[PDB]
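*Asks:* Chain residues, written in single-letter form:
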Amino acid sequence: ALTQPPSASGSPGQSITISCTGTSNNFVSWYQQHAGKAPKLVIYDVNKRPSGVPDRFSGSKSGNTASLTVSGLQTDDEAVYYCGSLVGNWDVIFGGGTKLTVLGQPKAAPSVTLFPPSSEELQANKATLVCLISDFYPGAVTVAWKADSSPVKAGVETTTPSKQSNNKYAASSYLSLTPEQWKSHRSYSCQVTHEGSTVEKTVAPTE
Amino acid sequence: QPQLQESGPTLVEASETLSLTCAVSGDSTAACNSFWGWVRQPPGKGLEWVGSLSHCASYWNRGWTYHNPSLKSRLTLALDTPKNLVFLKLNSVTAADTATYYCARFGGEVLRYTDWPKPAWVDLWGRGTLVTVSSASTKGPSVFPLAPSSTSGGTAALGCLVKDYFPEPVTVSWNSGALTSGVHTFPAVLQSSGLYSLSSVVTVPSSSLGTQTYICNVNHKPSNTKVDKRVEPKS
Ligand SMILES: OC[C@H]1O[C@H](O[C@@H]2[C@@H](OC[C@H]3O[C@H](OC[C@H]4O[C@H](O)[C@@H](O)[C@@H](O[C@H]5O[C@H](CO)[C@@H](O)[C@H](O)[C@@H]5O[C@H]5O[C@H](CO)[C@@H](O)[C@H](O)[C@@H]5O[C@H]5O[C@H](CO)[C@@H](O)[C@H](O)[C@@H]5O)[C@@H]4O)[C@@H](O)[C@@H](O)[C@@H]3O)O[C@H](CO)[C@@H](O)[C@@H]2O)[C@@H](O)[C@@H](O)[C@@H]1O
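Protein sequence lines, in the order shown, are assigned to chains E and D.
Residues 87 to 293, numbered by the numbering used here, are exactly what the first sequence covers, in order.
Residues 48 to 282, numbered by the numbering used here, are exactly what the second sequence covers, in order.
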């Protein structure tokens with residue numbers, strides 16, 4: 087599989103490189119996807135540009151690592167970038183995508199509020215933990231959940247960050263549990279990773 | 048420049064068949080320069096290759112058809128070159144098939160090749176069509192309070208959990224629109240049950256929790272439902 091970092095950022099006019107490991111051949115491509123729009127091919131065959139793609143986009147490859155470089159970032163370059171490749175005889179796979187932010191305001195750490203299941207929802211025989219994340223920039227976070235100290239993967243739904251009225255970003259994440267498993271642990275935690283920082287909030291049924 | 052335009056149903060019940068048509072303009076599906084196929088993208092996730100095909104035969108076949116191995120047992124691709132149409136058929140859909148489906152033209156070592164053509168990259172994308180897999184019927188939401196504590200430096204977050212409605216959209220206001228500052232309503236999540244949920248949150252001064260009433264107003268026009276839910280501090 088192809089591995090991309092979740093996000094990267096630079097200021098207008100700077101140069102930035104994002105990488106993609108696992109490319110074992112020269113059938114490498116890169117795609118630009120603006121929010122709400124279809125992807126667009128910007129690099130093919132490691133370093134070829136389709137007609138109309140500015141020369142400030144350039145591709146390269148070293149070992150099993152392909153790289154896309156954008157010289158002189160413009161605000162229009164803000165998008166999610168995917169690497170693609172041929173694998174096996176004739177299969178196509180894509181990387182997980184890198185959210186590239188062109189910095190237009192100070193970076194801001196997120197505020198995290200973790201709501202336990204409401205009494206009303208528990209009386210309807212359901213239990214949902216609500217982790218609300220707000221006031222961060224760039225608009226890219228990783229959310230992980232823990233029961234006591236053990237990581238939890240099943241029952242998690244997370245929204246893509248969307249802009250607030252103050253133009254910072256917010257996101258939400260949900261952990262769906264039965265009332266029994268909510269009562270059976272000592273605590274639950276929502277961990278939000280943003281840039282080089284992780285914020286964790288904890289709730290307990292005995293609160 | 049060439050254009051790809053998808054069409055077909057955007058709501059498919061679970062276990063049923065998902066069928067999509069793509070109309071190609073400005074290029075020939077009968078020419079041998081490209082493969083034609085599909086890429087999909089679940090909401091909020093990455094790109095996933097579906098497959099592609101070509102009707103340009105070698106001397107030992109009638110064409111080429113490549114499938115994503117995890118979809119092959121359910122997947123059928125087709126071309127109608129006189130009408131310049133690309134087809135997708137996917138049986139027994141589950142929630143994991145909810146995605147934006149993109150019609151796609153593939154390039155690579157296609158016109159000339161050794162051993163077999165290698166369509167490796169998508170050089171032309173359709174606009175995409177979001178197909179939702181859900182057996183749900185129209186259903187109004189259940190609204191639950193996200194109560195504040197009697198939270199962080201003089202201000203308190205509180206909100207509403209809008210659960211298990213169908214279809215979209217739901218709109219949320221606070222205090223019949225009298226409270227807008229510090230309000231944020233989040234995008235909906237499609238749960239594995241086939242129903243949507245979202246949350247709305249507002250930050251207010253903690254000193255107001257005892258004197259000011261906070262009510263979220265949830266409007267679900269598809270079911271002609273409105274819900275006002277009083278959000279009161281925890282006890
Ligand atoms: O990237 C795909 C796959 O690659 C790796 O897995 C290996 C792969 O090996 C396939 C095969 O390759 C080599 O043979 C090459 C070809 O030689 C001959 O011309 C002929 O035998 C070919 O057979 C095809 O054609 C005949 C007649 O035309 C058909 O009757 C027959 O069913 C074959 O048809 C398939 O292949 C053609 C292209 O060759 C397609 O156009 C056609 O639509 C059909 O494709 C379907 O089935 C494929 C599986 O066979 C599948 O990949 C497609 O997506 C589609 O569903 C012959 O192909 C030799 O090395 C030979 O020994 C190999 O078997 O597939 C094997 C099974 O998966 C696997 O064991 C090999 O290791 C892996 O990377 C894998 O993960 C990846 O998906």
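Don't take every hint at face value.
Stated by the list, open to error - Cross-link-like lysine-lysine pairs, in silico, DSS-like; alpha carbons within 25 angstroms at most:
1) D:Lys-92 x E:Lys-232
2) D:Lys-92 x E:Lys-254
3) D:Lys-92 x D:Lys-130
4) D:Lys-210 x D:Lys-136
5) E:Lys-212 x D:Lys-136
To be verified - Sample of chain E residues facing chain D (criterion: CB under 10 angstroms; computed from the structure):
6) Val-114
7) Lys-123
8) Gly-170
9) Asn-175
10) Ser-236
11) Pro-237
12) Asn-252
13) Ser-262
14) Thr-264
15) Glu-293
The hints are simulated quantities; they were obtained by calculation from the structure and are not laboratory data.
In this text, a Cβ means the ideal position worked out from N, Cα and C, and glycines have one as well.
*Asks:* Taking the hints in turn, state whether each one holds.
*Replies:* A quick look at each hint next to the structure:
no.	hint	result
1	D:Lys-92 x E:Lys-232	holds (22 angstroms)
2	D:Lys-92 x E:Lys-254	holds (22 angstroms)
3	D:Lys-92 x D:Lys-130	violated (33 angstroms)
4	D:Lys-210 x D:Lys-136	violated (32 angstroms)
5	E:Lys-212 x D:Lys-136	violated (37 angstroms)
6	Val-114	holds (8 angstroms)
7	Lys-123	holds (8 angstroms)
8	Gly-170	holds (6 angstroms)
9	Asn-175	holds (7 angstroms)
10	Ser-236	violated (22 angstroms)
11	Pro-237	violated (20 angstroms)
12	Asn-252	holds (9 angstroms)
13	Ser-262	holds (7 angstroms)
14	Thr-264	violated (14 angstroms)
15	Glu-293	holds (9 angstroms)
Consistency with the previously given hints fails for numbers 3, 4, 5, 10, 11, 14, ordered from lowest to highest.
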